[PDB]
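Dropping a structure here in structure tokens format, bear with me for questions.
Yeah, one chain of the complex is gone here, protein chain that is, but the others are all in their spots.
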Amino acid sequence: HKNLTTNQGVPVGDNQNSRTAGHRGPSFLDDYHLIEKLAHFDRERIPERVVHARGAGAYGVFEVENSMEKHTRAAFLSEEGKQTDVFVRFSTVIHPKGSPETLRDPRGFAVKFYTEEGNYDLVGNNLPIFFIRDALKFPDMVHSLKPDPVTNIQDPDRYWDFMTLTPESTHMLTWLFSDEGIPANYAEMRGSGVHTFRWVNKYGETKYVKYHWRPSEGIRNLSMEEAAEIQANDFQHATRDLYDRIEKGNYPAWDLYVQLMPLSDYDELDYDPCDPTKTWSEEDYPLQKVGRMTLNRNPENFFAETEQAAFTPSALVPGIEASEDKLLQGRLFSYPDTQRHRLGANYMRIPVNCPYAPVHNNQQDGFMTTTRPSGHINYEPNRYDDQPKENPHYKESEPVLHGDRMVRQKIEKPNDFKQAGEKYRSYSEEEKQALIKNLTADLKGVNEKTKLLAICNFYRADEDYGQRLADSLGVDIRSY
Amino acid sequence: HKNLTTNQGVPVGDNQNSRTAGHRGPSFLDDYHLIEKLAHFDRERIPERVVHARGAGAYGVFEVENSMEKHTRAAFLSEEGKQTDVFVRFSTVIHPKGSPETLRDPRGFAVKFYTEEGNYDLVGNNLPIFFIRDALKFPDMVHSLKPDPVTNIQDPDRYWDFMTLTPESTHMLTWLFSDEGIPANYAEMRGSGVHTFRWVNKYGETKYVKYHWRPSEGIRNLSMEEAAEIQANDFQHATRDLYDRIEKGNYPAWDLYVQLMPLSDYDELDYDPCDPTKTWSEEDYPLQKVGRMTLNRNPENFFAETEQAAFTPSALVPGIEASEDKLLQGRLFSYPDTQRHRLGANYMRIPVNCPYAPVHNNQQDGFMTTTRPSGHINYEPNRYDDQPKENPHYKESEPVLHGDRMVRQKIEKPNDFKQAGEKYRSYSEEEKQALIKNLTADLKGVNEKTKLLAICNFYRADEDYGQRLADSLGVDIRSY
Amino acid sequence: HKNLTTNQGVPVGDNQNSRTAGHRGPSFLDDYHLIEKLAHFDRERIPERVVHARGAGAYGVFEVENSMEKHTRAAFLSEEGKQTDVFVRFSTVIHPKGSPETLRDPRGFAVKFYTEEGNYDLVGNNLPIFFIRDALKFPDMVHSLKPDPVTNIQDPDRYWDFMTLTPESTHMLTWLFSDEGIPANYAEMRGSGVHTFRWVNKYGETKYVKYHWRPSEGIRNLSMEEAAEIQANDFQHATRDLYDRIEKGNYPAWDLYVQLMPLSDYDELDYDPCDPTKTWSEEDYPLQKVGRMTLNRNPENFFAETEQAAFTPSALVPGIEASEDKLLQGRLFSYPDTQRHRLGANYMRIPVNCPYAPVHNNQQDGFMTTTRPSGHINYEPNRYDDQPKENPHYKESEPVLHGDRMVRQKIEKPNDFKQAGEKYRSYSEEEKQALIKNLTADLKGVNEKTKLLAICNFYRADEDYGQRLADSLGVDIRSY
Partner (left out) sequence: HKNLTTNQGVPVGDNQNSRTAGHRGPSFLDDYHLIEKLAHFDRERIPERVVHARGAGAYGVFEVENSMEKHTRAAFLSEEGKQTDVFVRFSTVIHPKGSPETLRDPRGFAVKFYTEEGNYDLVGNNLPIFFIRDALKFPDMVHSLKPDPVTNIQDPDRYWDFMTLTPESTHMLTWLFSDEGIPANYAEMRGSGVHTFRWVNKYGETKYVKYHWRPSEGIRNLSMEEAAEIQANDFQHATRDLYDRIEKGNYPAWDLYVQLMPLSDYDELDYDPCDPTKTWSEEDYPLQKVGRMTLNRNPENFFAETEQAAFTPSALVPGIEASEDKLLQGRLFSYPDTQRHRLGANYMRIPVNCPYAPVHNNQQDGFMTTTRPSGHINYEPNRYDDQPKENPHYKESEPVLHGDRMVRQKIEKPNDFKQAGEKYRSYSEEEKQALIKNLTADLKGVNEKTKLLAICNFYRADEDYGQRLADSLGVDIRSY
């Protein structure tokens, strides 16, 4: 048995009735419990994520099967059997909190590893490539996909205007308009790091790496009709499914594989291996098993832990570094930036975001300082041997720069269409039909000129691809 | 033709490429256009409304048919034919911003009238009563209805626990579990002030008043199966329908009626006329036509005008005052309190929220001061005849207090069940069948003891009502 | 020995050099440690307090000498010898952070008692009365006293305009313009509750109470010239003194006394005992010793503890209640209101603001949720016997209302001048000379009409008082 109290710790005498002039009169200003309770209620909500606002979280463990020390000094990967706690958030992308999990969208697949050398965040999606290759375009792309700023409803005419004028999107659209554009839930779902990163070993040697997550449950997708039948009765079916699996002891898992590529392989490929519109061949750069992640614990509070969770691709650990990928480069900035706005300056002290490894530094103050700081010395260098100092065992690598000037210029070998064609041809006939069906339903209402440009882009990917789409849309492409 | 610019007004040379070390190298910090554009992107979102987060707005006009000056000095009601501009937001209640408009919920019906004596907000719902009668309970009620704080899914076991232990909710639930719990859209929908207010005329005479909005388009509702079939294909159908009517010149309208009641009728009744769980008889207090409101204009920008719209029941104008209704009393505080958090201290300068009437006062500063203030004199009294002064022609009435002490105590004559029984019996047989069906589907999974208490509450309302519900839930109540 | 780390817990390799294109080239965006460290620096500051921005804090203990249970059920006062931890902040009033502590101003004297029945804040000043008697005037008053909104310099012509048109200020000005307007430091200083409060005992009986703190160190004050000489060499002398006394073990202390007055004495006094422009005669309502407070510990971090400290007069504990004082009434609202803005919705979780008594309630979420919440049940009533419940042993009293109606009307018997005359006459001749001197230097540049009004107000207080001031300002008042 417990008293209900104010936030001052005074037991509440009456949690039913306001204080008033007799039993039916107007209310008094001197009712501290009323005003405190209402004022906190009035302040419960914080801004949702700018994208990926709808999602669900879980905790688990990652266990190493094959140590990776030949290729990376990363501590969490250093020995067979090593277990590292994780927190994971899965999400849709474009619509707000509260929106259905049956809509077409990439899915987010964000993993926070609480390592002995700091937190490492791998901020992936299910699909392994992206629509764009430079972060300067990201607000433009998002604004085109988001609901129209007048009507508040998503408009294909708007995003297809953008995508068509951005032909590097063609590979990604070829994946997203398969039925994999609507994963059945979060458990039966692919994961991908998307970018190339750099792995750096104890000798200072560097390889390029890609990450892949393979579901123990298998990959399963929904047709447009299957999605509509679910949407009719449950607009949070994937959140529900994740929670329910874990509560029942049916823990979903993913095996982590990597591909590894010598830096020197740049020069003989017909694409840029750091162009995030590209995959790497699994025949030429085979998947290598690393370990397995199992999610086995639901959060205790959705707001405190899942809504407030903060991931960033710049949360890198020794042995794992960014590549030169221009899309990645902007993400390094945008995440902690948006998080300072969304969550406050001190968002890294929110429990789910805290490292297991020690934090010592000379930062101070900021809104909601709750950590009980002490000491006179908040600057370095200083004369005190016991105060925190830099440690040169933990320097990052020094990537070679091939460029001689500060430039704004597209990468060489963009190759916008080749891999889209390759993906198209890799589809079964049944898969090709679904792609054409899904594209047609999306394109049939859009501006004719934009519709034609879309057909043209897909035709450059593969002639059959583009001709089938033209036929299905009733567009005659003879004069071209 | 226009240049794309930074916020400094410098034309942008290249809106495609980040600044990098050659065409493929990493990105430079000295790229003001990238950082500015990303940072503003990262800050687009503000907190959504704590309740009624999903909604849609429109502008229009209210015209007086019958001047109301014998009963209220309100300027906007003073003459036949007098037109007043309005802004209106319609909404659901419980789920977040992107959530479907096919869910069961009251609907918000908020009207801002830009009058010559200031803005008047009538912050209504479609349904004419409420679940509770004291604002102290509102965070409890909402927390029970909202998604479970662990799972992020709404749970009937939670809100039926609260509602059953809050028997004053019994009238409201008898309306909400009719098919009127799911209006077809925002146009074919009732509106209500819910509370009794006080109207005060030029002689200082006061009557109690209730407001009702009657749709020109008629009232239409959805069965659970009809709601599911719409939900399958459109989670924003009511937002779409409002915009589309207005874009096509098919402007929806509502006629405004009032009921008026002498203060002295308090003793003539077996309920409190300021208990918001109660309606007033239309036989005994007939509806009197006031005028008509027609919505004819969509906003130019959804975020700036609809998302940032701020209404409050305390935005009263001369001749219209609060009643002693303890639920209303809390609302007077909570809206501008939540708005200061949600929108900023200076939220009343946001264009949609600005009055048409002049604003002059001694308030100053606050975040985002954009109004070009001037002058040395920001205090009153002051010796300067030209500075703003108080005006005694605009004093409020002085309501009589019947209570002799500051108390926390329920109103007398709560009468929690009588009007619920009356509403039940007023239903057609078809309507009664839908109510039972809708209650049953909601109750069938809840805790058995709570289930029984719900049945009991409805049985106290009407024996047939409660017995039918018990039969439909397979609960044997012989022996109570 | 410790590593400097990022907020991700990664050891920092180099805390001296930014990442750049060779040893002298421009900087890279991929420098997580630079960006994180700068971005947090950029966010260190929060808004200062709207008034009382300059101040200093200390911890200590209050011990009861005489139990107060005949008069109040307050727990912290129940027994001889009972010790309660306190936090205290002392302050100036008008100028910002960083301003000198040699300026004329009331001094704040704010005490938080961490009691077994919740936190009790007594938010006093050194002087025992105030300038105004209704909170509606507080922003006007402050704006007049604050630096001019154009020039950023305080202007006597502005605040004497307000004060002279607000004759209730006349008693307060009679104390503030003694040399007690400029206390020597925070230790050698009076403290006062200012307001009448209500004390309620175990039988439900109520008395009015005033609080007084008497320094162990005695009261000492600075002449205008003494203040200037300090200001020359130390603009933070009182913050320095408080810290230094404590660091050297010379702990300052105050004895707490009360006056007590029957409610019934209202009707036979020639002033309102809840008018905060009034004191109560110490002959007629003698000082009664309660206990002693000793300050013996400096805070560990000034920002986290003293800057973030939040006091409110509405932090009342059982046995201690507001009076009807209309100035007090506004404070109940304003403090927690400002604090939600200044410190965040969860400011009560900041360590210095936390109660020692347990906190349990159904509030949730809000910016910077750090407390690891859990559970499904965030609503009451609920079916769970273990969840927090109200406790009827802790109801507040029910003050009798003597008023008929909701009114906006000055109190009866304002008596603006009588006590100001009595205080004048109580001054030694030296003290009377200082008063006249300090008033004269402040008034001599003000608008002649405002100057004459000031003289009149003081002449109504006491003829000799007003005549002396007139003589000293060279103003001939014979014709009046």
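Per-chain residue numbering starts at 1, and chain names A, B and C are given in the order in which the chains are listed.
One rule holds for everything that comes next: a residue touches a chain if its C-beta (ideal position, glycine included) is under 8 Å from a C-beta of that chain, and two chains touch if they have at least 3 such contacts.
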Of C:65, C:79, C:284 or C:300, the residue in touch with the unshown chain: C:300
Full-complex contact with the absent chain, from B:13, B:262 or B:445: B:13
Name, in rising order, the residues on subunit A that touch the hidden chain in the full complex. 21, 26-31, 139-141, 143-144, 148-150, 158, 161-162, 165-166, 337, 340-341, 345, 362-364, 373-383, 395, 398-401, 403-408, 447, 449-450
Residue ranges of subunit B at the interface with the undisplayed chain: 1-16, 19, 21, 26, 29-30, 32, 35-37, 39-41, 43-46, 117-119, 300-301, 303-304, 308, 314-318, 322, 329-330, 332-333, 336-337, 340, 343-351, 355-375, 380, 385-396, 401, 406
Using the touch rule from the top, list residues of subunit C that touch the missing partner. 13-28, 30, 33-35, 37-50, 53-54, 56, 95-100, 134-140, 142, 147, 149-153, 228-229, 231-233, 235-236, 239-240, 243, 272, 274, 298-303, 306, 322, 324, 326, 329-330, 333-334, 337-338, 341-342, 399, 401-412
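Convention: only the chains that are shown with their structure count from here on.
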For the C-alpha superposition of subunit A onto subunit B, the rotation angle in degrees, rounded to the nearest 5, equals 180
Intercentroid distance (Cα basis), subunit C paired with subunit B, Å: 39
Based only on mean CA positions, could you tell me how far subunit A sits from subunit B in angstrom? 35
Any idea how many Å lie between the Cα centroids of subunit A and subunit C? 48
Residues in subunit A with touches to at least two other chains are numbered 13-16, 19, 21, 26, 30, 35, 37, 39-41, 43-46, 300-301, 303, 322, 329-330, 333, 337, 401, 406
